[PDB]
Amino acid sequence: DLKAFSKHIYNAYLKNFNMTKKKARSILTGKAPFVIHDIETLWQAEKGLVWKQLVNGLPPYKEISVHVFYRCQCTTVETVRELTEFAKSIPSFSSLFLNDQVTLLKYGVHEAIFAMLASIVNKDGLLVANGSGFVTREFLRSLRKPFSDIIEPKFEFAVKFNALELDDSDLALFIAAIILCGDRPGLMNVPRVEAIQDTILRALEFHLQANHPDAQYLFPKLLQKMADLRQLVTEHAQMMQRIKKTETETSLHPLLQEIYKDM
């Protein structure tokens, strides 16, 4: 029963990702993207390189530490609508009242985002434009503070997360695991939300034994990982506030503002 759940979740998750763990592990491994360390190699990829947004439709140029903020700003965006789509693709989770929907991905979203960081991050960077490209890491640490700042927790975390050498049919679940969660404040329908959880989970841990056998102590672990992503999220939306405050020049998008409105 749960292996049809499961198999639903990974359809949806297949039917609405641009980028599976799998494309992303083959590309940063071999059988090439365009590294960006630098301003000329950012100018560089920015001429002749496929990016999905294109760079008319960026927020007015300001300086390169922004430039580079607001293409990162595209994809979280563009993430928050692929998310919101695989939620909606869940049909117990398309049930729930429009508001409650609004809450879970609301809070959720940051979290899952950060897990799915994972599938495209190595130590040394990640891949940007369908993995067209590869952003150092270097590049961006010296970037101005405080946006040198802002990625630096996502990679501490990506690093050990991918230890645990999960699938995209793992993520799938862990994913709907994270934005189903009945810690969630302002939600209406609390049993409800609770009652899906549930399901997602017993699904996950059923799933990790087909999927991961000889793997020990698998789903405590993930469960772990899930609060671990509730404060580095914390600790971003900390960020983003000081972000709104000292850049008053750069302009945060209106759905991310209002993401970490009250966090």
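Rigid core (definition): largest C-alpha set, two forms, superposition within 1.5 Å. Residue numbers count along the first chain shown, from 1. First, how it differs from the form deposited in another entry.
- Annotation: the position in 223, 58, 237, 39 displaced by at least 2 Å at CA between the two forms, with the core superposed, corresponds to 58.
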The other form holds:
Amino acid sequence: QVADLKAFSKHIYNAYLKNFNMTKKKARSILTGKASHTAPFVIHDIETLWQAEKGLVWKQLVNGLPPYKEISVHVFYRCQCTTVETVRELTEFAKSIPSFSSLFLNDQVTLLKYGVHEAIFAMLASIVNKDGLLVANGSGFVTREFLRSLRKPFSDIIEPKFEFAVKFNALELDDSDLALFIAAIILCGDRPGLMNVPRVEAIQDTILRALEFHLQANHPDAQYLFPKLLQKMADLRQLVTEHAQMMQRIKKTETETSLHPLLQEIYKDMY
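If the one shown is the form deposited in one PDB entry, what is the structure of the form deposited in another entry?
What comes next is one chain alone, with no partners or other molecules.
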């Protein structure tokens, strides 16, 4: 409808504002180039990465790439630590969504388990750039070249994402739309082992209808509006599948590196 479908798209927008510290616009700010309000320390190589591990600080001792842990793996650990944290915000974010907490715990776990990476890779575009990614809560900025200059096993696990972030930022969405887009991916009725599918499917529908109208009063000048955004959701589904594939293999050949137990829980039923 209107107000009800207005106070719905807004409640999910505030939930999105108080659960995610870095917002697309708060981040599109830094990457800008005219506003020196925040000049992100660029990396691009081992040296600056080493100092950054001080000038940007990080709870893991000054760097640390011993014979048991190398550079590329350190980026990996860095990356999975962030992911584990984004999973936390996504959990709190969803718990704020209208009929989400209504579902039984097990069903909430099933939705997060299968949608947290899709939402993550979507938010990733908000802090990304054609030439790099914004890290360390806006304070830092690692170049895309550096990441491509990583070992053979890893490296090609972050590239495909940039490809996504690029195209996805062409649509020019803002945090208000993004909030509705994320709620929609988390509340997906196609997740395996879901118990009350009819319920989820129903909550998803209004999310999408809310998104639908919201794009009408926000982006009146294209056609991507919904179909293209619905196709991205499908694109994202594949990005994750491919992502999960690379994760298992890494775990199978990179015995050296450790995988966080939570990401292991998420990965073990995705084929």
